[PDB]
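Here we start with a single chain on its own, the form deposited in one PDB entry, put down as C-alpha cells.
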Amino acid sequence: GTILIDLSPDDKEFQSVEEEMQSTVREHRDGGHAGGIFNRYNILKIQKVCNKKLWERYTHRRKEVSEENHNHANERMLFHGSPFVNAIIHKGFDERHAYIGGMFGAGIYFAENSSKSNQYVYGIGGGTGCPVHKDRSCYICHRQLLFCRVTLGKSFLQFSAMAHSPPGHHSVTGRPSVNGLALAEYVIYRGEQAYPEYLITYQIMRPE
C-alpha cells in the first residue's frame, strides 16, 4: 500500500523539513553515548510516505479527538527514531512500536529535538550502534528518522526531571524541568494518532 516519493532538494518542502531536522539538534547529557557526537547532519534523501489506508485511519482518529477537544486536534510535526522504521512506513504505528520501558509508560514516543530521536535509531540507548561497524557514533552508515504528523488532543503535562492515556487526556507531554536547552517529548497510546509522513535518510557529521 505504501509508496515513497523522493523530494528534490530544490523543493521548498524538502528545505523546510531539512531545516527542522538541522535546527533542532542539541547536546545530550550522555556526551554522545547513545546517538553519537555531532552538531549537524548530512541529509541524503527525504521521501514523502503515501499510504491512503493509513492516512484515512489517521484522519478518522484525528476527527474523533478534535470533537472531544473543542474542535482542536492539537496536531504537531514531531520526530520518531526506531529500529522498526521500515515496518512503520508499510504497516503504520501500533503496539509493537511502543517503548515499553519509557518513563511515561508503554506508549509511542516522539521528540521535538531530532537529535533525541537519533538516539533510538539503533535501539534503546543506541543499542550496539550501526549493524556494520557496531559504532553508536558511526559517521559512515546511513540512518533514518521519521518526521510525523501527531495528534495530541488534550495532553497531560508532566514536568520532568500498550498503556492508556491518563483519564480525560489523549497524550502525555514530557516537559523538561532541569535541562534548560531540551525541547519537549510526547507520548501517544494509540497508533492511529500518528502518520509517518516523511522518511529522512541521513548521516551524522563529525565536528571539525
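Basically, rigid core = biggest C-alpha set you can superpose within 1.5 Å across the two forms. Numbering follows the first chain given and starts at 1. What changes on going to the form deposited in another entry:
- Of the residues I43, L183, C141, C50, exactly one exceeds or equals a 2 Å C-alpha shift between the two forms once the rigid core is aligned, and that residue is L183.
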The other form holds:
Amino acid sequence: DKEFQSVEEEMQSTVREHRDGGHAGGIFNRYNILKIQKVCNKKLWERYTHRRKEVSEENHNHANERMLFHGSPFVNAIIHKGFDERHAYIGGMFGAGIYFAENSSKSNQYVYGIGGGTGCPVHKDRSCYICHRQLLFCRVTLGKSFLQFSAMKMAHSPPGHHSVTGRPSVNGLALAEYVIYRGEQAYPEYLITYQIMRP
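Target state, the form deposited in another entry; input state, the form deposited in one PDB entry:
The following holds one chain only.
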C-alpha cells in the first residue's frame, strides 16, 4: 500500500548513469515494477534479529541498519535459505562478501551475474526489456562499517568491524557498495519483480 509505494519510489529514485554505459544491466532511466512481494520467512528473520542484537552491542546500542538493494542470479534461493557467505565469490572488488547497493541500478548490474553475465536466459541480452528481472530490497545490518576507497580482497570484515562500505573514488569506484561477510546480517525483506525500461 504505502509500504510498497516507498519501495517503488526507492527503486525508481535510485537509478544512476553507469560508468559502463549500461553494458552490464541495460539501457534505461526507469523500471516497470510488476510486483513487490514482502518476504515473510520467520527462521531468516530470527537469524537476522539475533545477529542485529549482537552487532548493536558491539557498536554502542546501534545496529547501523540500512535498506539496501541486492542483485544476484540467486534471489529465489536467498528468499528460502537466506543470504549465505559460503556462496560469496572470493575475487570480488571487496572480497568474499554479499554486496548491496543504495542505487537499484548497481544491484541491477548483478541480476544475471558479474557484468550482467551473458544477459537474460532466453534472449541472452544484458539490456533485455522483455524478460522479467528480480531484485531484493534488504534490511542490512552494517554495524561498524569499514570505509575502503580502493579494491581490497578480504575474506571477513576488518578487525572490530561488521561490514565494508566501498565509498566512491575517481580511479576507480563510481558509487557506494555495502559488503557483509555474514549472511545473517541481511534479511531479504522485499522481492521486486521488474523490467528495465527502454528510454
